[PDB]
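Read off the chains here:
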Amino acid sequence: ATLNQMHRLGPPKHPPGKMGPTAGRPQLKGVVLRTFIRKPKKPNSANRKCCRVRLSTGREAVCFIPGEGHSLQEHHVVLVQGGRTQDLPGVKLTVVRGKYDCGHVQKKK
Amino acid sequence: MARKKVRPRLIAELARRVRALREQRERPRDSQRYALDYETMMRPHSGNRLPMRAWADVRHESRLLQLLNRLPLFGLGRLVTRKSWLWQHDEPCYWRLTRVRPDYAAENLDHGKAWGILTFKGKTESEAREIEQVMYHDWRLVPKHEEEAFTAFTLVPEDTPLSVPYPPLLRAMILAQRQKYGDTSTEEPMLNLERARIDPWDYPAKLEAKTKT
Amino acid sequence: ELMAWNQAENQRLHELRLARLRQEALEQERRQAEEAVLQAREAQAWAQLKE
Amino acid sequence: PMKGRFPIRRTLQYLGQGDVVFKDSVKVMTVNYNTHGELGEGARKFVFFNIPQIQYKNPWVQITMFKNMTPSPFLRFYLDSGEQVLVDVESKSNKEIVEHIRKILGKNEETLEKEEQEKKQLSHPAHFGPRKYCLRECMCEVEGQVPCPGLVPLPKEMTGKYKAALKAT
Amino acid sequence: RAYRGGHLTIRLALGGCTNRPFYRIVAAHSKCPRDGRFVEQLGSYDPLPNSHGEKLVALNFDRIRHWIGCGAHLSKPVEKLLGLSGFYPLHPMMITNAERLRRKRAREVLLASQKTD
Amino acid sequence: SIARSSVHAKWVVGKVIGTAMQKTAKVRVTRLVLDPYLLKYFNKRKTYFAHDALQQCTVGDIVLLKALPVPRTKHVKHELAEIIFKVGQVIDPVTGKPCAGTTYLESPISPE
RNA sequence: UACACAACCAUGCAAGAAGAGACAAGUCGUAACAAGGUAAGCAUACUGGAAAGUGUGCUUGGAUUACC
RNA sequence: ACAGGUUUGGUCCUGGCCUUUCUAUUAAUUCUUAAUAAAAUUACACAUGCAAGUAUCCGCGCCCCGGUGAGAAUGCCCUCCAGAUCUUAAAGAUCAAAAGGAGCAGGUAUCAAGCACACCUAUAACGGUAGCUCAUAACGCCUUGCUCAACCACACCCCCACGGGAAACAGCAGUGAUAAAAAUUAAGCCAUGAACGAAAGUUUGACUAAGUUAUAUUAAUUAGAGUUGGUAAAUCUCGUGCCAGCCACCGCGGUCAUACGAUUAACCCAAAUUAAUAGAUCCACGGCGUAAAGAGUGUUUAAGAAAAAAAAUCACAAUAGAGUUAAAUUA
Ligand SMILES: [Mg+2]
Ligand SMILES: [Mg+2]
Ligand SMILES: [Mg+2]
Ligand SMILES: [Mg+2]
Ligand SMILES: [Mg+2]
Ligand SMILES: [Mg+2]
Ligand SMILES: [Mg+2]
Ligand SMILES: [Mg+2]
Ligand SMILES: [Mg+2]
Ligand SMILES: [Mg+2]
Ligand SMILES: [Mg+2]
Ligand SMILES: [Mg+2]
Ligand SMILES: [Mg+2]
Ligand SMILES: [Mg+2]
Ligand SMILES: [Mg+2]
Ligand SMILES: [Mg+2]
Ligand SMILES: [Mg+2]
Ligand SMILES: [Mg+2]
Ligand SMILES: [Mg+2]
Ligand SMILES: [Mg+2]
Ligand SMILES: [Mg+2]
Ligand SMILES: [Mg+2]
Ligand SMILES: [Mg+2]
Ligand SMILES: [Mg+2]
Ligand SMILES: [Mg+2]
Ligand SMILES: [Mg+2]
Ligand SMILES: [Mg+2]
Ligand SMILES: [Mg+2]
Ligand SMILES: [Mg+2]
Ligand SMILES: [Mg+2]
Ligand SMILES: [Mg+2]
Ligand SMILES: [Mg+2]
Ligand SMILES: [Mg+2]
Ligand SMILES: [Mg+2]
Ligand SMILES: [Mg+2]
Ligand SMILES: [Mg+2]
Ligand SMILES: [Mg+2]
Ligand SMILES: [Mg+2]
Ligand SMILES: [Mg+2]
Ligand SMILES: [Mg+2]
Ligand SMILES: [Mg+2]
Ligand SMILES: [Mg+2]
Ligand SMILES: [Mg+2]
Ligand SMILES: [Mg+2]
Ligand SMILES: [Mg+2]
Ligand SMILES: [Zn+2]
Numbered sequence: 031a032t033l034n035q036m037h038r039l040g041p042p043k044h045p046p047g048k049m050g051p052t053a054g055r056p057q058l059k060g061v062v063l064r065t066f067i068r069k070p071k072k073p074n075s076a077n078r079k080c081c082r083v084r085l086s087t088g089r090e091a092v093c094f095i096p097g098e099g100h101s102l103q104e105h106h107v108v109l110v111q112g113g114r115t116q117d118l119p120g121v122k123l124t125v126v127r128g129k130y131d132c133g134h135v136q137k138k139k
Numbered sequence: 001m002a003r004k005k006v007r008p009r010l011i012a013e014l015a016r017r018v019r020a021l022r023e024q025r026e027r028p029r030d031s032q033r034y035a036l037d038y039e040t041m042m043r044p045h046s047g048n049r050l051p052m053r054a055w056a057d058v059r060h061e062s063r064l065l066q067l068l069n070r071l072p073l074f075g076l077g078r079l080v081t082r083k084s085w086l087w088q089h090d091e092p093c094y095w096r097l098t099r100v101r102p103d104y105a106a107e108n109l110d111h112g113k114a115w116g117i118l119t120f121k122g123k124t125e126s127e128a129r130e131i132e133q134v135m136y137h138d139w140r141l142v143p144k145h146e147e148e149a150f151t152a153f154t155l156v157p158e159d160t161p162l163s164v165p166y167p168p169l170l171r172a173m174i175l176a177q178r179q180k181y182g183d184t185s186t187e188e189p190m191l192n193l194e195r196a197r198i199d200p201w202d203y204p205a206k207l208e209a210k211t212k213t
Numbered sequence: 104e105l106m107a108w109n110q111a112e113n114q115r116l117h118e119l120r121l122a123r124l125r126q127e128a129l130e131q132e133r134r135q136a137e138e139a140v141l142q143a144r145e146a147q148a149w150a151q152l153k154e
Numbered sequence: 002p003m004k005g006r007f008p009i010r011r012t013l014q015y016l017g018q019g020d021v022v023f024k025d026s027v028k029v030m031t032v033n034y035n036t037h038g039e040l041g042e043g044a045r046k047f048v049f050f051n052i053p054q055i056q057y058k059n060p061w062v063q064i065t066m067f068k069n070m071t072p073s074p075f076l077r078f079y080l081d082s083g084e085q086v087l088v089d090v091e092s093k094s095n096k097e098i099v100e101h102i103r104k105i106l107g108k109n110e111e112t113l114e115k116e117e118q119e120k121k122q123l124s125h126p127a128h129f130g131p132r133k134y135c136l137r138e139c140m141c142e143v144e145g146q147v148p149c150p151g152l153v154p155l156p157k158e159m160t161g162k163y164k165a166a167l168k169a170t
Numbered sequence: 010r011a012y013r014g015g016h017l018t019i020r021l022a023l024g025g026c027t028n029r030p031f032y033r034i035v036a037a038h039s040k041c042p043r044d045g046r047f048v049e050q051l052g053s054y055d056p057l058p059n060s061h062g063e064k065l066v067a068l069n070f071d072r073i074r075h076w077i078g079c080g081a082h083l084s085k086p087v088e089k090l091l092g093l094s095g096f097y098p099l100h101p102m103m104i105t106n107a108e109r110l111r112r113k114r115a116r117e118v119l120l121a122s123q124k125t126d
Numbered sequence: 002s003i004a005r006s007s008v009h010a011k012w013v014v015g016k017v018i019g020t021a022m023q024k025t026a027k028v029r030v031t032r033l034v035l036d037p038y039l040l041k042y043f044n045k046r047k048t049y050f051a052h053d054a055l056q057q058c059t060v061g062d063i064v065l066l067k068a069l070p071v072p073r074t075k076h077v078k079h080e081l082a083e084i085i086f087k088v089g090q091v092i093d094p095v096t097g098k099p100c101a102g103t104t105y106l107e108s109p110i111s112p113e
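In the order they appear, the protein sequences are chains AL, Aj, Ad, Ac, AP and AQ. When we follow the entry's author numbering, the leftmost residue of the first sequence carries the number 31, and every step to the right adds one. When we follow the entry's author numbering, the leftmost residue of the second sequence carries the number 1, and every step to the right adds one. When we follow the entry's author numbering, the leftmost residue of the third sequence carries the number 104, and every step to the right adds one. When we follow the entry's author numbering, the leftmost residue of the fourth sequence carries the number 2, and every step to the right adds one. When we follow the entry's author numbering, the leftmost residue of the fifth sequence carries the number 10, and every step to the right adds one. When we follow the entry's author numbering, the leftmost residue of the sixth sequence carries the number 2, and every step to the right adds one.
A few of these clues could be false.
[Claimed, not checked] Quick list of in silico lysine-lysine cross-link-like pairs, DSS-like style, CA-CA up to 27 Å:
#1 AQ:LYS11 to Ac:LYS24
#2 AQ:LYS67 to Ac:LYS58
#3 Ac:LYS104 to Ac:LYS115
[To be verified] A few chain Ad residues that face chain Ac, going by a derived Cβ cut-off under 7 Å, partial list only:
#4 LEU105
#5 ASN109
#6 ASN113
#7 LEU116
[To be verified] Some chain Ac residues flagged as far from chain Ad (calculated, every beta-carbon gap over 12 Å):
#8 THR12
#9 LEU16
#10 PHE50
#11 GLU91
#12 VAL99
#13 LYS120
#14 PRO126
#15 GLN146
None of these hints come from the bench; they were simulated from the model. Just so it is clear, CB atoms sit at the ideal spot from N, CA and C, and this is done for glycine as well.
Start from the sequences and build out the full structure, keeping to the hints where you can.
This is the structure in structure tokens:
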């Protein structure tokens with residue numbers, strides 16, 4: 031690009047960051063609509079605990095429940111974050127452990 | 001400021017004309033504007049209460065028009081004084097009424113605006129000025145047999161020093177300013193007081209429009 | 104003062120320009136004296152050929 | 002920079018090292034030069050090198066170039082009073098044009114010193130405020146005065162809470 | 010910002026520290042905030058004494074008398090600082106306050122004398 | 002001497018664009034503006050309306066405009082002072098002779 | 001005082017239609033990669049369950065192994 | 001950027017993603033005291049309290065302080081200033097409306113035409129010219145306070161506020177709804193600012209001094225959090241066995257798992273530690289035969305370079321018309 035072309039085009043500006051599944055918020059309070067189990071991609075083999083929830087923004091999205099063992103049914107209010115799970119395609123949210131209806135991971139006694 | 005997409009605001013300019021018409025059409029008359037509830041010391045028009053120091057002169061004195069409504073020609077050339085002037089100023093301070101315009105809407109005829117000649121502390125002004133604080137309850141009328149006796153004033157000279165020593169730092173400023181130029185004059189610097197004459201707070205201020213020359 | 108000095112320098116450069124233009128005019132006359140004698144040869148041969 | 006023939010002339014240092022400041026009367030500079038002939042070489046090099054240096058220090062003066070209009074290169078200054086200053090340049094070099102323009106219509110060293118000496122007066126050392134306009138923000142940072150309670154805590158006898166606790170009893 | 014009225018006033022802008030005041034003697038509009046926009050900063054006043062026990066007061070007299078001759082109003086602490094500096098006469102409020110302090114001392118000495126017996 | 006103009010362009014030099022308006026010339030003034038990134042000066046044009054009371058400037062004239070003390074309209078705030086270079090008819094300001102580009106129409110070495 | 005007055009658009013839902021992509025094991029073929037077993041591909045037209053086939057020009061991002 | 005990890009059986013080049021640095025909010029875990037700074041979800045609706053008074057009557061002030069960022073690409077900077085205010089005889093000084101412009105100024109040209117946006121007479125009326133802006137981005141659409149001693153805009157809404165909805169905290173405290181987002185319905189004008197008064201003086205939810213809050217820094221009275229496969233500092237023994245589960249990228253788990261859960265030990269921070277989201281920073285003065293890129297071709301407008309001198313034109317199948325046919329083939 032010559033000097034005339036660079037002056038006609040102007041200096042390049044960096045694009046703004048596109049909003050993710052959380053619409054730019056750190057967390058989102060949503061009600062659990064349905065708890066189920068999904069399977070990972072080709073190399074891995076497991077049964078991940080997922081849940082379809084209705085976020086506070088009115089959007090219905092899938093999240094992943096971390097830790098081993100959980101007590102989450104329908105009509106449970108949980109807090110989700112923008113943590114994306116690598117094995118599950120399309121699932122880009124994660125339930126925060128230690129919230130209204132999602133308690134911490136209990137030790138097996 | 002000046003932009004190509006400015007909007008032609010017409011309602012803001014219409015409301016100015018409406019409010020300007022309302023100001024002159026519903027202009028409150030001074031008779032009910034300066035009314036007074038002598039029991040609670042509260043103005044019925046505006047709703048303000050008189051100060052505590054004015055409670056005695058309202059119940060024990062009268063205003064200018066209240067003693068001017070009983071005169072043949074509304075006091076043309078007459079002299080009127082004030083209680084505060086008779087109390088503070090031992091010198092004769094009066095008002096020579098040249099014209100009076102009372103309000104006709106009053107049922108008792110005790111309000112109005114007038115002009116006159118002011119003679120404060122004996123000094124007579126040769127200009128026509130509107131009299132101030134007419135609704136005040138301090139005016140007093142002097143009878144006819146004392147018109148020449150009350151005006152008797154002895155023109156005495158003032159004893160104010162015409163020159164005053166400067167403050168210390170400002171005087172040293174001149175003592176060091178003129179020294180550097182080679183001026184060996186050790187004369188004491190004085191501060192002028194001719195153009196520093198100030199009228200007391202009892203001197204009424206004019207109400208006419210000041211003309212820019 | 105500076106404007107008068109600038110006018111004087113302009114007139115000095117104008118005189119130098121006039122001298123240079125006279126020299127170039129003489130060089131141009133020499134070029135005309137070369138091209139006339141070349142064109143006089145090139146003209147008569149074509150007329151002789153067409154004759 | 003890298004693009005261009007002489008990349009040095011597209012830097013802040015080359016634009017700032019040109020010491021040609023016109024007077025307050027100069028408004029327009031029309032430079033008329035040619036693109037052929039060995040004579041206008043100095044005017045072509047002037048337009049190539051010094052024009053940005055003059056335009057950097059004279060942002061309000063209009064500068065207009067005209068190519069292949071007249072057989073002789075020249076400059077034409079249009080002042081505020083209406084006077085037109087015609088400058089002839091036929092065999093002058095690049096530096097001779099700069100020094101001749103600075104001689105005819107420029108600012109002397111004595112003139113350029115007093116403007117910056119008056120500009121220096123605006124920033125007063127004894128003033129206080131933000132770091133952008135003044136040298137000190139919180140008078141606490143003066144070596145002799147009371148320290149800044151955000152750095153050194155004040156003693157007990159000076160705080161308003163202790164004062165209002167003594168005033169209570 | 011644009012105002013309907015107001016007047017130029019030489020006052021003290023309390024731009025300082027918590028439990029540690031420091032006034033900037035500036036000439037600003039009377040309708041402007043205390044620590045807001047000003048026209049020209051004149052001087053600075055340190056209310057707290059330094060290690061030498063001095064309250065540093067700094068006045069730009071050359072601009073103070075200029076703004077006063079241009080029509081700048083003055084506040085009570087500004088007139089107090091000018092009276093203590095000697096550029097302006099001593100304020101009648103400072104004189105009466107000193108008289109009142111002397112009378113308080115004259116009352117306390119007699120109270121402390123009548124208390125001992 | 003109470004005659005001032007609130008515009009910044011007291012004197013400007015430009016080219017005539019159009020003369021379709023009656024007694025009004027459309028002048029294109031070109032200045033040099035520095036690029037904040039490339040640090041190179043580029044030509045920025047600007048349209049200026051000028052009043053030609055004589056209707057003499059044609060399309061292509063290098064003309065000087067002077068700031069009118071009062072704007073006649075909201076667009077005409079200048080006036081034609083002098084036609085610096087007439088299109089096709091250029092007079093060399095240094096020699097005083099008509100010139101056609103680089104060649105002299107009448108040589109200055111022949112006074113008579 | 002005399003006229004158009006939800007026309008024009010934005011945000012959600014929609015009976016439905018179509019496409020793209022992901023998803024560790026499905027059916028039918030084998031199109032391409034080796035002269036991939038008819039050398040590939042481009043534009044374009046027609047045809048065929050499907051990859052695709054064919055026609056007219058074009059390219060080598062194919063060889064013709066080089067006293068053959 | 002002093003860089004590092006990552007494409008492949010492998011190497012080089014091109015090229016994207018992530019890590020390492022700093023800051024702010026929220027969440028989880030933990031938590032001892034002080035000082036300073038800051039208190040930040042809401043232009044959605046508000047119970048209650050206070051926030052404009054002064055003064056011998058008149059008058060003067062009463063979004064001025066303070067609050068907010070909804071709208072506007074608004075605007076930054078620069079000339080001229082009407083008008084208002086303070087002291088004077090005039091003249092001076094502050095704020096400075098409106099009118100503009102040297103220049104600069106978010107994205108989008110998949111917004112390319114706008115549709116009356118211009119000019120002269122002499123008067124403030126008639127008339128005559130056919131103009132004006134725009135690829136150097138007009139006219140549109142979307143988003144947004146800001147370039148900060150500060151500036152701009154709004155004050156329930158209808159851009160305005162006669163009028164109509166309709167009874168207004170985008171003042172200080174507090175309350176509902178909402179949200180991941182959680183300061184006291186507290187004391188005074190002692191100091192400063194503002195208003196009044198000639199003045200002593202009064203008022204001031206501005207402000208001052210406090211209360212609450214690990215949001216940040218410092219001092220100590222305080223010790224918990226994260227991690228231990230590579231990037232990248234640091235693991236011993238058990239249990240599970242592509243299950244449970246873990247990860248920022250590579251990826252690890254099917255029988256000796258330093259990668260999962262627990263224990264020991266170790267590493268790094270520390271009254272904080274991690275996670276998430278926003279930021280600051282980061283693309284090209286680099287390239288276009290094979291990776292993305294030379295637009296199928298020529299001419300011209302705008303625009304740009306002419307920086308030292310030279311030249312233009314010849315066998316052969318350019319192209320468009322009219323006429324003809326040697327070989328082969330066929331009715
Ligand atoms: Mg994760
Ligand atoms: Mg919890
Ligand atoms: Mg503070
Ligand atoms: Mg094939
Ligand atoms: Mg084969
Ligand atoms: Mg095949
Ligand atoms: Mg086959
Ligand atoms: Mg094949
Ligand atoms: Mg092949
Ligand atoms: Mg094809
Ligand atoms: Mg076929
Ligand atoms: Mg066939
Ligand atoms: Mg091949
Ligand atoms: Mg590859
Ligand atoms: Mg929190
Ligand atoms: Mg009042
Ligand atoms: Mg504000
Ligand atoms: Mg808009
Ligand atoms: Mg003015
Ligand atoms: Mg202005
Ligand atoms: Mg589109
Ligand atoms: Mg907004
Ligand atoms: Mg409104
Ligand atoms: Mg509200
Ligand atoms: Mg309010
Ligand atoms: Mg509140
Ligand atoms: Mg609440
Ligand atoms: Mg908070
Ligand atoms: Mg709460
Ligand atoms: Mg709470
Ligand atoms: Mg909580
Ligand atoms: Mg209180
Ligand atoms: Mg106070
Ligand atoms: Mg007070
Ligand atoms: Mg902290
Ligand atoms: Mg882990
Ligand atoms: Mg094991
Ligand atoms: Mg790890
Ligand atoms: Mg482990
Ligand atoms: Mg690149
Ligand atoms: Mg390519
Ligand atoms: Mg090509
Ligand atoms: Mg193509
Ligand atoms: Mg044909
Ligand atoms: Mg036939
Ligand atoms: Zn401090």
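Practice task
May I ask which of the numbered hints given earlier this structure violates, with the numbers listed in increasing order?
Solution key: 11
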